[PDB]
Every structure is written in structure tokens, then in C-alpha cells.
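The chain below stands alone, shown as C-alpha cells; this is the form deposited without ligand THG.
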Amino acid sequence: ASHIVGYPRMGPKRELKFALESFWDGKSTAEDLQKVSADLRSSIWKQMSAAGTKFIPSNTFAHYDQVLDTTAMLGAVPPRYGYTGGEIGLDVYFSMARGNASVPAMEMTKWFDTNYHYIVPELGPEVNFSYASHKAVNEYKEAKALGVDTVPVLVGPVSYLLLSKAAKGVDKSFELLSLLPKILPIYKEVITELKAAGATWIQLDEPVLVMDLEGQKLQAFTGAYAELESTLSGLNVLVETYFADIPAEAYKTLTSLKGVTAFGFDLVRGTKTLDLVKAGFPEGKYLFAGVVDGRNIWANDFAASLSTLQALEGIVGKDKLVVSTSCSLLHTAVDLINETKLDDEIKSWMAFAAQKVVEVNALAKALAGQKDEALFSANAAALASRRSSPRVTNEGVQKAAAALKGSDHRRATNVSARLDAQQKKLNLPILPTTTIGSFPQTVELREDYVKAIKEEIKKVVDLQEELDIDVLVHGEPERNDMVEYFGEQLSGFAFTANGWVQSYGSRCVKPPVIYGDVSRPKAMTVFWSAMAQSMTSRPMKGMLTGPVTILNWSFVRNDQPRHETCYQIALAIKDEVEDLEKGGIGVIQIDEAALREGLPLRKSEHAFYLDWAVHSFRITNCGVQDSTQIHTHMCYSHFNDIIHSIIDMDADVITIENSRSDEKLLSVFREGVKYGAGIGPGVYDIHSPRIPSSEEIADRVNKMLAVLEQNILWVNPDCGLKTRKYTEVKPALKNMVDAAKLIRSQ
């Protein structure tokens, strides 16, 4: 038997994205959206069915988010939406998902360690739960009619609570898990209709079990399933798990849950769990082996997988071993078939969701004795060509092996003394001003060199007249994407044509692919930066994306450790920095927008990650002169549990997010830490179209100075200005400078 934990819902050509966007804009009706939604589900179901898949998921589809889906199922909609009961529909749902003309939307946050984001439930003692959404039972019946029996998928009740947050005005004493008695009854009613409709298997996703849970919390699972047992009667129940291995204790709780007959394990990212399985697996329960990675873009290693599956068969296998994916295919691309530019060889190394369903099935048939010798042979050949291709391996291995030469701190020179030499070259005033990089993109089109120059001189001429601004940027008018801009000029990269992944709601991202050893063949930024730094006598800063960010926002190769790859990236950037230095650029900015995105779920695995992440960053400029000032930008406003790592980065100046945060929190730097380097906490929210005033900005800078030393404090925005309009940035920036200049006089 074969199984799939979940499936992408945007469609092979992002059909749902445009349908949702058409509907949201009012250019299509509710029915039109439903028609696109139903056809998409029918297509997905029949696709998996024709493939031989036995456990086909239903309810994986979502108009916006799976968690928001369960929120509608529990009728837990926030007070401000003025919902008054009854079956929840598009209105209320999208209203929670994106807000409306008079009410803000619910918060959205990162789903475990993926690049997907869910809507966070706002729970409290005052919420009156109710079965307000029959999405699951409907989908089950819909698929039934189409002729494909499915396995309904629900976010487990206790994972749902642990993923929520207390609503405003809810005492801190309150404990979410205290709501179980209120939501469990609803799960009962949903499971009852599912059984009545004919479902014989049901899937409960309890991914929180892969987290580090205290004994008290694990106990909550136990009680929940004990309370659900009688309802789960006469039904096979699969509790799913993914993204990491299951903690020893968590494994005891899980393998002894009442009513549960099957267990889903991520064996790509949580292979460690195998140890516990070998130590002891329940009597006659099913084990769903997620051996096909649904988190990446590579073709599966059939040989290896079979070897693993067969061993598990020994542990149970008497028809109790089901081949599955490591996690929902939601986190991978839809169909490789639609990649028509990538050469056949690189494609042979790949596999998207559609191909992964075939893989799970090929493995399942192979285990049943009906091995398709033609599939395994083609796979063996592909894996071989990849493992021997020169495109993959390069003498970058030479440079790579050397970084073992201990750390890579910039030539001793403490940052404080280093700052002195830089100030010698940059006669900057107190509280200097500068921006983060990009500027509003004007007209633009699809020679070109000259067309780009004009736009820069305009940003430079603007920056100069514009409140002066002590340190200038070029606006990045020649860049379309932070990462792709550099990936297109690096070695081990390849770019997909239609491999989109859902990021959240309707927004998708098409991650670059790093298939082999990376190296920078030619200069990438020196031309444009040198050109910008000539149109002004003011300091022009260089613009590069850290190696960590490039790594995190790419489908990274799975044939070597991530850090190993991250260093190859660092090495290549290392050149550009030193090329910008020889070019004359005396100030170089390296933004690590996604420094924290690769944080492991296992808490004890954190330190290791932060280590190579930061190292990678240092490697980037460890060989720069002491007069060369280096800036690092980071899209975050909470560093309390990662502060020491920011320090070990050893940047001359760092700019973070701040302007919606309580300035008093900046004491995290000057306390038991003593930073002693440049720091520029945002003072202008670039995500809002409103213009802050010199009064407000100046006010924030003073409250800020209340904690930080005026001699290392910079004045700049929250982030780039790409998404803003010149009509909002111009007056905004002018206020920022007036505030500074003023504070300067005082």
C-alpha cells in the first residue's frame, strides 16, 4: 500500500492563485472560484488514484490555510469579525485570512521550520466553539461521488491548541490546553459524520509531537485520545508526524494513544526515530514510512528507500508497512512535466509532487513483489549520472577544504578600533543616516545598460538632495530578486520555470535550485556599484545577500550537509566583497534577511546551526581591510534568544527591524552583552503606506538613545523601499533626516 500525507493546492499552473485573486478583486463570482476549486480537487484525487495510491488524502485542499480551516471547523472566529453562528462561508473565512476595509486580519506565522505560513488561532475562555464548517465531510463525499475513496485529514486537536495564541485581554495565567474540553466534542461530531459517510480511515496531523514537549503537555495528548477512543471506534486512525524525529518520551505517548492504529513518521528528516522503532513498536499497528521527501525537489533514491522499507517490514511488514511521503507535498513543487527549459539530465535528478506520488507507488509495488524493473533502472542511472557529473563536483572542494583552518574572524582588530579607521575614511556625523537598499521601482521595461544608469543617477541625485542622507545606496534597479540575482551568476545553480511553492494565502515563491558546487566565475556587483560610487562624493555602499539567506531560500542539494554547501556560497561571496573593496567601495552591506529561517526544530540542534550560519557570514569578509566598513541587515525585531550569534557575526554595523517595537527592548544589546559596534534599529515602517513625521521619528530616536550610545547609533528605515511609492518615501525620508539633524543639535 502507498500513502500521501498531503498535496499542493495551487494547481500545476497556479490556477487557484488567479482564481482567488480574481474573486478577491470582484472580477469573478463565488461560484466561479468554487468551480476552479472543485475541478482542482477532482484532478488531484483522480491523479493519485490512477497512480495506484491507496491512502489518498481529502481536506488537504485549502483556500488559504489548513490551520485557518480547522479554526472555521471549530467556529473559533475572533469577536471583531462579528460572526453570529451558522455554517461559515467565504466572507468570514477570507475576512480572517486577510481582513477587510474596517477590520485587521489574524496574524500569520511560520509553520514549523518550513517556508510556509499559517494563520494563528486567537483563543481564550470567552470563545464559544461550534461545528461551523463541514469542509472535511463535504470533501470526503465529493471525492466519493467522483469514485475515489479518500482519507480525511484533520489538524490534531492538541497540536491545534499548541499552535494557537491567547487573544488580547486573556490573562497570562490562562493555558490554551485548558480548552480541550471545548473543542474535542466538535472533533467527535466531525468524525461521526465521516464514519457515517463511509470513511474507514481518518488522518490526524499532530506535528507538534516532533517538538520538545514537557511531560505535562505530552499528557494532554494522552487524555485527548483517551477521550476520543470510543468515537474512533471502528475506524483505522493514522496520527501523522513530520519535519523532525520524535523525542523518546514523545514516542511512548504516541505509540500508546487510545484509538490510534497507525503511525506516520518522517524518515527523511526524522530518521533518528528509527532507533525507537527498532527498540519497540506496538503489537499490530501500521507504520507509515515517509521515505519520499516532500520537502525538497530531488528524485528519490529507490535503492536506499527499498533497503529501509524492507528492514521495517521485518519489524511488522505483515501488511502493516505503508509507503508514505516525509511530509505534505504542500512544501514542494507541483509537476516536473511543466519544466521545459532545464536539460534532460538535471531533470532526471529531480522530482516534483506529481513524480513523488509515482515514486511512493513504485516503492509500494516493489515491496509487494511487483517491482517495475524499468522504473528502478531509470532511477539507478539518474542517481549515477548525478553522482558522477562534473557539473555537480568541482575544484571548489580545494578551497572548501581550508576553511577548517579554525574560525574566520576579521583580522583581530576589535570592532571598536576598526570603527576608528573607518571613521577616518568616512567623516560621518553623529547619528548618520542611510537606507537599506532598494528604492521604489518606476516605469521600467522588459541598450539596457543606459536605461538602468538613468534610474540610479536619479536615486543618487535624490539621495543627495534628499536630506543628504550620510551614506547612499544605488536602489538596486537592476535586480529582480535578492537571491536569484546572484544565483544566476553562480556555479551550482539552476532555475526552474514553473516550480512554485505556496508561501501563504495566494503568494507563491519559485526557489532557485542549487544542484552542485558553487563558485563565482566573474564580478557580479562591482560594475553597478562602481558606477553608482562616482556620481557622488558621498559614501556608496555595496549590496550583497548573505550566504545563509541564499541557502535558506533555495531548494538545496541533498547529497551533502547544508553547512558544507553554505560555505561554498560564503566563499564565492567572499570574492565579490574583496572585489568591491579593490573597486573602491569602502562600505559593503551584506543582508541576511533569512538568518533565522534555518533554525532546527530540535532545540539542542540550534547552537550548531547558528555556528555555521554565522561562520559563513564571517567567511564572507574575514579578509577585508580595517578601514572598510561592513554592514549586515536582518529582517527581525526579536533577537533575545539569538543575540550572542549576532555578536559573533562581528559586523561593524548591523541594521535590524524596529519601529513597531518598544525601544526599551534594545537593552538586549547593552546588558550582559556590551555590543560596542554600530547598530541601526528601524524608525520607519516600510510595510505601511503612511508617512511618519519628523516629530515621531525624532521621538523614537531619543527614546532609543535612552538605551543605546550616541556614537554607534544609526538612523535608517525598517527595510528596503521596493514595495513603497516615491510619494510615500520622499516625505518620509525627509522627516527621518530632520529628526536626526535636530537631535544632533541638541
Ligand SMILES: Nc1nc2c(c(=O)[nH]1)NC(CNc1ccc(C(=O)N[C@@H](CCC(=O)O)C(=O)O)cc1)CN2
Given for the second form:
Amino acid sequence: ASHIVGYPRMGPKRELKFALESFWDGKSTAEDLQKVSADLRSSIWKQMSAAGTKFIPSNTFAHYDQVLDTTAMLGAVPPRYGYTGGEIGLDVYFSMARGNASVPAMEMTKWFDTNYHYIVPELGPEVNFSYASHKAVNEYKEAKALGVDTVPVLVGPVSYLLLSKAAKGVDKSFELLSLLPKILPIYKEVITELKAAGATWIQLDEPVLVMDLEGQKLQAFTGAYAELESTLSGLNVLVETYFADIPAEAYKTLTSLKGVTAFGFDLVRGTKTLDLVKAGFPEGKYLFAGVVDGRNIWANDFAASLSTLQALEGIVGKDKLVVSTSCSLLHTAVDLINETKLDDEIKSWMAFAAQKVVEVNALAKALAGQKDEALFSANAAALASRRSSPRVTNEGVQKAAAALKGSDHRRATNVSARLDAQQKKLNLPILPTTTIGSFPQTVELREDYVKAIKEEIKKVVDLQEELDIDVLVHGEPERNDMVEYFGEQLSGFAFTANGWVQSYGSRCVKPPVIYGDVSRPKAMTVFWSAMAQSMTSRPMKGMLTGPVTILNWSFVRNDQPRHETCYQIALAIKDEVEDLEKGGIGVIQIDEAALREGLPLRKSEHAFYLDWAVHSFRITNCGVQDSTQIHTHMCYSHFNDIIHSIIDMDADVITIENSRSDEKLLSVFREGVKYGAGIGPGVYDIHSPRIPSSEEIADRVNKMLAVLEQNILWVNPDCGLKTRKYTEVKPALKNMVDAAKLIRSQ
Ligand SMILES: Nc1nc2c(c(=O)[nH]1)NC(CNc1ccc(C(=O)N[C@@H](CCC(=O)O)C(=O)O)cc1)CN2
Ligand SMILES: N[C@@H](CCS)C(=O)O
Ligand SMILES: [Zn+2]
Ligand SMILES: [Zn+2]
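Right, the form deposited without ligand THG is done; let's see the coordinates for the form solved in complex with ligand THG.
And the full complex, kicking off with our chain again.
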């Protein structure tokens, strides 16, 4: 049998994207949107079954988020929204989702370790839970009436609570898992209506079981399914887990939960679970083998899969083994059959969702003796291509056996005995002003030199006149996507035409694709950066994108360990740094916006990640002078749990985030750490259109002088000004300089 754990909910050409925004625009109504949603929903079920898909999921579709879909299912709507009861419709739903013009929208956080963000529920002891949304049962019927039987996918009761958060007031000591009693009754009613409509299988998504859970929490799972058993009578229950391997303890709790008859394992990222199963599995319980990476974009190693699936068939195979995606296809793109610009051979090497739906089957039939030989013949051939094609392997893939020359710390020169030189070369005043990288746009017409400069010099003619700014920037005009920019200008980067993935709400991201060994044969920055530092007699911050960000925000190849690719990228950058140097750019800022992003969900693994991660950064500027100043830029307000790694990046002046945090948190530097190096946390919120005050800045900018060590303190924004209007930033920045001035004055 075959099974897909989840599917994208936007469309092949992002139909729901515009249908969604549209309704919110006010240029379309429910009826029309509903028309679209249901239509897309139909096309998916139809598309899925017609491929042979045995277990087709329903309820994966969402108007915004799945955890919200379940927040409405439990009527767990926040007070400030004014819900009185009854069936929750587009009003209350989209409120919570994106707020209205009188109340704010709920907080969204990252989905486990994915590039997806969900809407964290706000729970507490005073919320009145109720069956407020028949989306599940409704969709089940819709699919049945269309001729296709589906498996309702529900977010596990306990994962739901663990993923939630206690809303304001709820005293610190309140345990969220203390609500299992108020929510479980509702799960029952829902599970009852599904049995009632015909459902013969259900799916509780309990991904949190792949997390490091304490025995008391693991035990929380046990009490839920115990209490659920009766309602689960006569009904196959598939409990899904994904993104990592299951801890041996979690494996015990899982494989012994009540009513659960099937178990979903992510065997792409959690093959380590293979052992646990190899060493013991329930009897007549199913094992959905998640061997088809629904998380990347590459074809599957059909052969490999069969080996894995076969031995699995070994353990059981008595018809209890089901082929499945490693996780929800929500995390991969839709149709690779919308990838035109991409040459043949390369695409021959990729497979998006729709394509993956099919693989699951070629592998399901091949395990049932229906092995469509024409598929493996082609696959294996495409595998052959990739592993050979000189578009992959290289001699750059040799400059690596030299990076084994011990670490790559920036040439002894303790940053402290290095600042002494950087300053000399450019005498800057205490609390040096500056920006982050990007700048607001104008007309913006989608030669180019005569025009490009016109804008760059205005960006500079401004930086100068405008609030001095001890160090200006070129405002990244020539760069749309800070990661794409460099990809197009690189070796192992291909770009897809319609390969989109969702990020949150109606928003998405088309990540560059890293197919082979990265390499920068020609100068990328230099030109524009050099052109900029000549239009002034002030330090100019050269601009680069750290190799960790690039890696993360891009579909990296599943053939060699991340870092290995990360490093290749790190080396490529090492150039543009020593060229903006030769070129004559003094100060240079390298940014790592997505550094914490690639953090493994398994705690004993954070160490290894942060390792190659921060090292690859060094590898970028380890061949730089002692007078060449370096700035790193990360988009985080928290480093408390990763302050050491910041200390190992060896940045002369690191610029991070802040704006809406404490002035005291900054002592995570001045405590048992002793950073001792230019630090610059943001003093102006750029996601808040609204202008700040000269008075507001210079006081918090004083609450840094007294929490840090004003003597290595910088004055910069919060992040690039790319998404702020010139009118919102002009008065704004101006007030960020006056602050330093005064404060200095004394
Ligand atoms: N490589 C690259 N990848 C990225 C980012 C980047 O900086 N560069 N920044 C990221 C953080 N998340 C988001 C989520 C949504 C949007 C967004 O608003 N997207 C528009 C399209 C934006 C566009 O024109 O690109 C949409 O509606 O689909 C932008 C960043 C994620 N991935
Ligand atoms: N400075 C760059 C990278 C930060 S995300 C920018 O402003 O886009
Ligand atoms: Zn930032
Ligand atoms: Zn260290």
C-alpha cells in the first residue's frame, strides 16, 4: 500500500496564494474563495488516487495553518477576538491568522526545524474549549462524495498542547499538559463523527515524540491514547512522527500507545530509528516507511528504497508495511512539470511533490511484484548521470583536503590586538553609526550601468549628508534576493521556474538549488562595492552573505553532508572578501541571518551544527588583514543559548538584532563570557514603519553603555531598510545619529 503524509495547499501555480490575498484585499468574497479551495482540494485527491495512492490524506489542506486549523477545532480562540461560540468561519479564522484593524494577530513561530512557521496557540486554565470547526469531518465527506476515501489527518492532542503556549496572566507554573482533559473530549467527538461518516482510518500527527522529551511528558502521551482507546475501537490509527529519529524512550511509549495500530517513521532524517525497530516492534502493527524525502527536491534512490523497504518487509511485510513520504510534502514544491527553463539532465535529477506522490507507488508496486521496470531503468540512469556528470564533482572539491589544515581561526592577532590596527587605518568616533545592508526602493524598472549608479550615488550622496554615519553602505540595489544574487553568480546553483514552497499564510519562497560543488570563478561584489567607495571619504561596508545562510535557504544536495557543501561555499566567499580587500574596501560586513535555522532538533546534535557553521564563517575572513575590519550580521534577539558560538566567529564588530528586547540581556557578553569586540545591537525597529525618537534611542543607547562596555559599542538599525519607505527611514535614521552625538558629548 502507498501513503502520503501531507500535501502542499497552495496550488501548482500558487492558486490559493492569490485567492487568499484576494479575499483579504476585499476584491472577492467567501463563496469565490471557497469555490477555489474546494476546487483545488478536489484536484489533489483526484490527482493522488489516480496514481494508486492507497492512503490519501484529507484535512492537510489549510486556509493558513494546520495548528490553527486545530485551534479552531477546539474552539480555543483568544479573548481579544470576541468569539461567542458556534461554527468558526472565515471571520474569526483569518482574524487569529492575520489580525484585523483593531486587534493584533496571534504569534507565529517556526515549525520544528523547517522553513515553515505555524500559529502557536495561546492556552491557559480559563479557555472554554468546544467543537468549533467541522473542517475534518466536512472534508472527509467532500472527498468521499467525489469517489475517493481519505485518512483524516489530525494534530495529536498532546503534541498540540506541547506546541502551544500559556497566554498572558497564566502563572508561570501552569503546565500546558494539564489541559489534556479539556481537549481530549473534543478529539473524541471529532473522531466519532469521522467513524460515523465512514472513516476506517485516522491519523494523529504527534511529531513532538521526535523531540527530547522527559519521561513525565512521554508518559503524557500514554494517558491520552489510553483515554482515547474506546473511541478508537474499530478503526486503524496511524500515529505520524517526522523530521528526526525517535529516542529509545519515545519508541517505547509510542509502540505501546493504545488503539494505535500503525506507526509513521521518517526514515530519511530518522533512519536511526531503524535500529530500535530492528530490535523490537509490536506484532500486527503497521509500519509506514517514510523513505521518499518529502522535504527536499531530488529524485529518490529507488534501488536503495527497495533494499530498506524489503528488509522492513523482513520484520513484517505480512502486509503491514506501507511506503510513505518521510514527512508532509508541504515542505517540498508541487509540480516539477512546470520546470521548463531547467535543462533536461538536471530536472532528470529532481522530483517535486506530485512527482514524489508517484514514486511512493513505483516503490509500492515494486514491493508487490509490479515493478514498472521502465521507472527504475530511468531512475537508476538519472542516478548514474548525477554521480558521474562533471557538472557535479570538481577540483574545487580538492581545495577541501587542505581545509583539514587544522581549524581556520583568523591569524592569531587576538581581536583585541587587532582592533588597534583597524582603528588606526580609520579613526572613527566612539559609538560609530551605520546601517545593515539594504535600502528602500523607488520607481524600480524591472544601459544598466548608467542607471545603476544614478541610484547608488544617491544612496550615498544621502548617507553622507544624512546623519554623517561613520560607515556607509551601497544599499544593495543590484541585488533582489541576497541569497539568489550570489547563487546566479555561482557554480553549484541552478534555479527553478515554479519551484515554490510555503513559508506562512499566503507567503512562500523559491529557494535556489545547490546541485553541485560551489565555486566563484569570477568576482561578484567588488565592482559595485568599489564603485561605491570612491564616491565618499568614509568607511564603506562591503556586503556579503555568509555561507551558512546561503546553505540553509536553498535546496542543498542529499548526496554529501551539509557542512561539506557549506564549506565549499565558505571557500568561494573567502575570495570576494580578499577582493573587496584588494579592491580597497576597508570595513566589510558578512551576514548570517539564518545561522540558528539549521539547528538540529536533537540536542546532542546542536554542538556539531554550530561547529561547522561558525567555522565556515571564519573560513571566509581568515585570510584578511589586521587593518581590515569585519562585521557579521545575524537576525536574532536571542543568543543566550548560543552566546559562545558568537564568541568563536571572531568578528571585530558583530551586529545582531534587538529593538524590542532588554538592555540587560546584553550581559550575556559581559558575564562569564567577556566578549571584548565591537558589538552592535539594533536601536530602531524596521518592521515597525513608525519612526523612533532621538530621545528614545540615546537612552537605550545609554542602557547599552551601562550593560555592555561602551568602548566597542556600535549604533546601527535592526536590519536592512529594504522594506521601509524613505519617509519612514529618513527622519528615523537621522535620530539614531543625534543620539550618539549627545551621548558622546559628555
Ligand atoms: N533565498 C532566500 N530564501 C529565504 C529568505 C531570503 O531572504 N532569501 N528569507 C526567508 C524568511 N521567510 C520569508 C517568508 C515569506 C516571505 C514573502 O513575503 N514572500 C513573498 C514573495 C517574496 C519575493 O518576491 O521573493 C510571497 O508572498 O511568496 C519572505 C521571507 C526564507 N527564505
Ligand atoms: N543586510 C542584508 C541581509 C540581512 S537579512 C539585508 O538587509 O537584506
Ligand atoms: Zn537582520
Ligand atoms: Zn568554542
